[PDB]
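Next up: just one chain, as structure tokens, the form deposited without the partner chain.
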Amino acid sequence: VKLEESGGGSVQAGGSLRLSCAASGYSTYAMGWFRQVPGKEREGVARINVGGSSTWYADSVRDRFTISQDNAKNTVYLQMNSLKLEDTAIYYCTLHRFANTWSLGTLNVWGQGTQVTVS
């Protein structure tokens, strides 16, 4: 399976950006984003069960970001709003068959990610 990522770049504090990630190559699986701020370890940001319904957000982004899916297109979307300097990071699309394993990162499929720079 391959991951096709979109979006990112620079944005003014308080603004918005939209990411997307399409997976190509299971009927249901977990997909979403982790991020890595320079100097920090990578951390989960948001997940959705593609082909299911459940979502998860890191408390630091809940109510500012929205994750959604297009299951027919095996694609997820991350609407990032109210951006803060602390959100500057590489955002990585990542997938696993199972949401519990997805949370750990270690066994996931990983994209090369996209930079988001909040000024």
Given for the second form:
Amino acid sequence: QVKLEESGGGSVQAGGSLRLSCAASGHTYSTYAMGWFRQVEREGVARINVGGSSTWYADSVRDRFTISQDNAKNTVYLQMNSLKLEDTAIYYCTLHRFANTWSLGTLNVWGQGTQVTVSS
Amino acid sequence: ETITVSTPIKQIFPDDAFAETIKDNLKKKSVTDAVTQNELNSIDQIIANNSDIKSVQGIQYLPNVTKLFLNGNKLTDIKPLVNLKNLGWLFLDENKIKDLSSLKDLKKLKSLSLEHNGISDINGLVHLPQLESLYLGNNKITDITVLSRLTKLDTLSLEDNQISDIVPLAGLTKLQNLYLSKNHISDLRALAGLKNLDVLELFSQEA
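Could you switch over to the form solved in complex with the partner chain, since the one displayed so far is the form deposited without the partner chain?
Entire complex below, previous chain first.
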């Protein structure tokens, strides 16, 4: 009954910016891990502890992408700057109560996915 | 130890559900298909949650498995895991595992989940001092003394147990995410020196 509502995506020019959003509904968690994987096998991109402050980023996106939260709104945001051709992929919002298990993907709640295409 | 010559999956894995798990993992046509030790050596991850598995006999022949998902099965005996030296992540929620001595030499194990197994005695977890994540929610645990040896833990869930004494957690300086809801805790003094916590949940105690 956990639902992930994804917003954002599409086509962007190399060097440009894009912001994704994901809001989690139908849960009771005081704190939980939410963020994005992508599939250009699926790999983690960015995670934040909703209700905490800890984050994790893949090495390839660390200083170009920034993940944030609105705890009361149960929403996370991914600000993708200096976009590169290597960032073209389907991006999936995804959630687990525990950050270290979130990293594995296998047991997570998964969103539908959004197409991101970086050109030029 | 090893499968010396090619052998049907059905013969190596007597549990019909686990044999089907292996068949599907290797994308074989039938559990009667024969496999070599070389093919079994290729398995690094098994996803077999909610699969009505009563025995993982045969898993001894998968030396390279590092991720093992067995939540929601009918296991009581994990002796076949004893010598899986490369196991890193082990999920065993909603089984009925009580004898933990077979975990003792899983010295690469980083993450262990044993939620909702009816466990009370966790003394055997003292032999996993390298563990980084430990999930024991929804059990019958009172005495967490041995967790004081698990100095590398950064994530620990003990929610929904019978704990009142958390002094054994005082020295676990690397804890970041700690879940203690639904216990018998009134006194958190022993946690005052943990400096790296991001998450600490204490809801709904019964004093």
